[PDB]
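Engineer: Chain by chain, the residues:
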Amino acid sequence: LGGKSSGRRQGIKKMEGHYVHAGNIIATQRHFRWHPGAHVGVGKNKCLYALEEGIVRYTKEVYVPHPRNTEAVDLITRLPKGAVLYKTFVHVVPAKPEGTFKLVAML
Amino acid sequence: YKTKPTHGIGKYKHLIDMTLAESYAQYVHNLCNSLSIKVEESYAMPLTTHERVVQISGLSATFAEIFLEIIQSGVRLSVXXXXXXXXXXXXXXXX
Amino acid sequence: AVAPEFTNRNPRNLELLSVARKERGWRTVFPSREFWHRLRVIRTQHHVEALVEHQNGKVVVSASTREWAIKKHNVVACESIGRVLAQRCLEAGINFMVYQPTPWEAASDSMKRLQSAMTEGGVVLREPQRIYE
Amino acid sequence: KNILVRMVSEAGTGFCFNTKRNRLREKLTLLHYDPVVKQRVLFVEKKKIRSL
Amino acid sequence: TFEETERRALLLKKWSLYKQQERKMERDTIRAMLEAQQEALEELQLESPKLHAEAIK
Amino acid sequence: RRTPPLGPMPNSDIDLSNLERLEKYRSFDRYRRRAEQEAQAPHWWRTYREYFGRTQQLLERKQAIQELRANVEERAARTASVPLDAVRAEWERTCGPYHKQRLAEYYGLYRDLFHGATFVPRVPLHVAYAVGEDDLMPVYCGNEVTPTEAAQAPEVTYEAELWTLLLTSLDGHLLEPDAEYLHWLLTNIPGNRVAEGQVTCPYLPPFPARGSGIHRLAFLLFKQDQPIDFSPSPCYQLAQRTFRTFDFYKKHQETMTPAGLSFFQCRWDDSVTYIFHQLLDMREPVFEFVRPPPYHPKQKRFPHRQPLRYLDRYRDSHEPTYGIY
RNA sequence: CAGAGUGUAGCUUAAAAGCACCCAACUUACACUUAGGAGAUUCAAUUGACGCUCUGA
RNA sequence: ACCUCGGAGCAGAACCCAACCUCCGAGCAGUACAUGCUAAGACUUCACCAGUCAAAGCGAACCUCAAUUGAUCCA
Ligand SMILES: [Mg+2]
Ligand SMILES: [Mg+2]
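Residue numbers (the numbering used here), protein chains in the order written: chain A, 1 to 107; chain B, 1001 to 1095; chain C, 2001 to 2133; chain D, 3001 to 3052; chain E, 4001 to 4057; chain F, 5001 to 5325.
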């Protein structure tokens, strides 16, 4: 016997060049098929979401793990002396500027 | 992405008396490190007597000879069997 | 006569107002990139650099024993450098920093000394929040 | 193994919350937030409420 | 005591200074040997190959 | 479909035949450094930056160092705070100029004031605004000082043996941008003293509008080979003082090169109002800071699984409306 | 003792740098980290004259 | 023999995809006791129900874990 689990419907919900508002989920995954980049967050599922209004872009950026997170550090240590890991990152490149000074009155 | 020219950019898996004796062992280890040889392991084996080990693998005859000479140049040695003298030490090889 | 939108285009304007956007993410990668300015200390053999950086990567302010004015007259050296930087910061008007060291670095005495020096100078190593709404 | 228990605040009375604890061990006392009082306050265990 | 500590630090420094020189000397010696070996192999190659091969074994 | 890489892939050269011979970064610091270096480098795959971004002297120095060491003998180290003023002075003398460029770049003076093109402020300019008796509030390059403290014109020194001292606000207040407001204009100066040199435009204080942000004034100093004419009375009319330094630099400053800079931050204060009223003769403009409104999607007919808050997001506004009864 | 290549501390499309290296402490030891340590343009006005490497006698 | 839930293959590269197809497992633990209030904006196991993520704000500091669960009325 065994289990028949339903499809999980995970993956990218927003592709490069899409206009993504603050809060929109960008990509859902188990493990990191993509990582959070500029203005992109991570939920408890590892799901990536936009932190600002703007455009999604994908990039392959050098990956440095946090010192406190042990396993990654170990892996890094293991690598040979000219090696760099690299990983894919999702950014939102913000469109509308946060601020505009308007004239209230002439006092 | 697979079909993109940046395919395997993330790929990483493919890249990955007693006191005196102790001191001597340490020195030997250091020397090994310097000369670029695999130091596998070291032991703390049991008047009194005390033994120390420095397990080594892979070294060419000339280089090996040089290493031996340096080691020679106290206590004792034991690895052809190459013993010498000035607790105990035993640098077991695997050339 | 006055326009509706006066556009003050001072680069550091929205930083001092505490309104400009910090880069929020990079929650896997280190160090976090959410800061207006970052105190990057770079130690080597011989000389110890200290910097003040933006999101852009532009080094605004610095202090090092390579710069030869402070090579005249090590933990002490580091402290001195920090002090110098603090003075520099004051002149520039960078009174706020983020300092995100490795744990070992944080533990270290030299770093602590540097921090102390900075504090003395009058430069906080925390930096205020973005202020939304 | 684990019991469900109700915990009653001394200050800010009426507010009760449900928590876990091992069946073998001590009656539970805990600092926790009362939104009535709007301060942290000691709760004390009182009556187990199902076991599991 | 303070004086003793001061003395001790100095002594340590001296020791450190000594050790590095010795290390350097050792390295130099090693290098010399290596050079000799390099020379020797070449010479062997030039002269008679069988002998060289034997030496290598 | 397998496309080949456009340029060379990373991690190609270092894998090699064997892995057990290499050095590996046993530390993290080294790895971090490497990563940083990589980041600094360009690459072909977009990437972050695409989307977002004497001998004698030396000998002397060495000797001095040696002397210092001897003096120490070290013991002190085994806790000496060092004189800071001296260090500062040294910096000013030597690499201060070098430093200044970076700050200027950061602050966008070269891009706005000079339309591009960087230059080193070689000659050290030392301005200070008098506040009572002492201390004189010094205008270090980058500093925040209030327009109350900047109500009267400052004292200036530089220790240089002719000059033209200028002072301009870079933002372009009130009227349309790509404009600047000069605050004074000192000309044909002999040596260190302001009183000896001529003045075309006299000193106004800074006058930054309320809640307009922070403004960046800039003192400029140039080298005079030849004495030159310039161009308007003790005036407080605003349409005269609107002038951009780029054009000026171009169509005139040809026997001239800028050698001294200092920039200075400004905010609202109680003197600003006075300035607006007394001499400028107009109502002061109030500047808030308005953010763009909250988004919300389109109004859906049957919201479905949203809360009862759905309807509060689309409403003008709050009070209870009574249609027709 | 005649020629050629030259000649920044171990080493560099460094320009007094960064990598290497040494001592102590943590380490069985190594490793990491933290404190410290030491080092250089061979010398006189691009030219000449001292030091190596190499080839002759 | 099985009947609910989850992970891997079939299903090699956005999701989705069966069989009394092939293989692993779950029906819990552990740490907390601000596992406090609320709230823009999204995802969703192809319906609905159930699930999920979550900026800001107000309160405070200075969650781990794959599955680890069950409607209504009634008590
Ligand atoms: Mg659905
Ligand atoms: Mg929050």
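Worth double-checking, as some hints may not be accurate.
[Said to hold, decoys possible] Here are the in silico distance ranges between beta carbons for each label pair:
(1) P5297(F) x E2120(C): 51 to 59 Å
(2) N69(A) x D2109(C): 42 to 50 Å
(3) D2109(C) x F5246(F): 24 to 32 Å
(4) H5126(F) x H18(A): 48 to 56 Å
(5) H5126(F) x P97(A): 34 to 42 Å
[Stated by the list, open to error] A few chain F residues that don't get close to chain B, going by computed Cβ distances all over 12 Å:
(6) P5004
(7) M5009
(8) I5014
(9) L5016
(10) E5020
(11) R5021
(12) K5024
(13) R5046
(14) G5053
(15) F5114
(16) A5128
(17) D5178
(18) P5227
I should point out that these hints are in silico values taken from the structure, not numbers from a laboratory. All residues carry an ideal CB built from backbone N, CA and C; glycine is no exception.
Engineer: A separate judgement is required for each hint: does it hold in the structure or not?
Structural biologist: Evaluated hints:
One distance hint, 51 to 59 Å for the beta-carbon pair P5297(F) and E2120(C), holds here, with the actual separation near 53 Å. Hint check: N69(A) to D2109(C), Cβ distance near 26 Å, so the stated range 42 to 50 Å is violated. Roughly 51 Å separates the CB atoms of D2109(C) and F5246(F), a value that falls outside the hinted 24 to 32 Å. The hint said 48 to 56 Å for the Cβ distance between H5126(F) and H18(A), and at roughly 54 Å that hint holds.
About 38 Å separates the C-beta atoms of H5126(F) and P97(A), a value consistent with the hinted range of 34 to 42 Å. Remark: the non-interface label on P5004(F) conflicts with the geometry, its nearest Cβ contact in chain B lying 7 Å away (cut-off 12 Å). A cut-off of 12 Å between C-beta atoms contradicts the statement that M5009(F) is not in contact with chain B; the least separation is 7 Å. Not every C-beta of chain B lies more than 12 Å from that of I5014(F), the closest at about 7 Å, which undercuts listing it as non-interface.
With a closest Cβ-Cβ approach of about 10 Å to chain B, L5016(F) is found to fall inside the 12 Å limit, against its non-interface label. Not every CB of chain B lies more than 12 Å from the CB of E5020(F), the least distance being 7 Å, so the non-interface label is violated. The Cβ of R5021(F) does not lie farther than 12 Å from every Cβ of chain B; its closest approach is about 8 Å, which violates its non-interface assignment. Here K5024(F) does not stay apart from chain B, with its beta-carbon only about 9 Å from theirs, under the 12 Å limit.
Not every Cβ of chain B is farther than 12 Å from the Cβ of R5046(F); the closest lies at roughly 9 Å, contradicting the non-interface assignment. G5053(F), annotated as away from the interface, keeps every beta carbon of chain B farther than 12 Å; the closest lies near 19 Å. Distance check on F5114(F): its Cβ is at least 40 Å (rounded) from any Cβ of chain B, clearing the 12 Å threshold; non-interface status holds. Even its closest Cβ contact with chain B, about 56 Å, leaves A5128(F) beyond 12 Å, as expected for a residue assigned away from the interface.
With 12 Å as the threshold on Cβ separation, the claim that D5178(F) sits away from chain B holds: the shortest Cβ distance comes to roughly 41 Å. Chain B leaves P5227(F) outside its interface by the beta-carbon criterion, the shortest separation being 63 Å against a cut-off of 12 Å.
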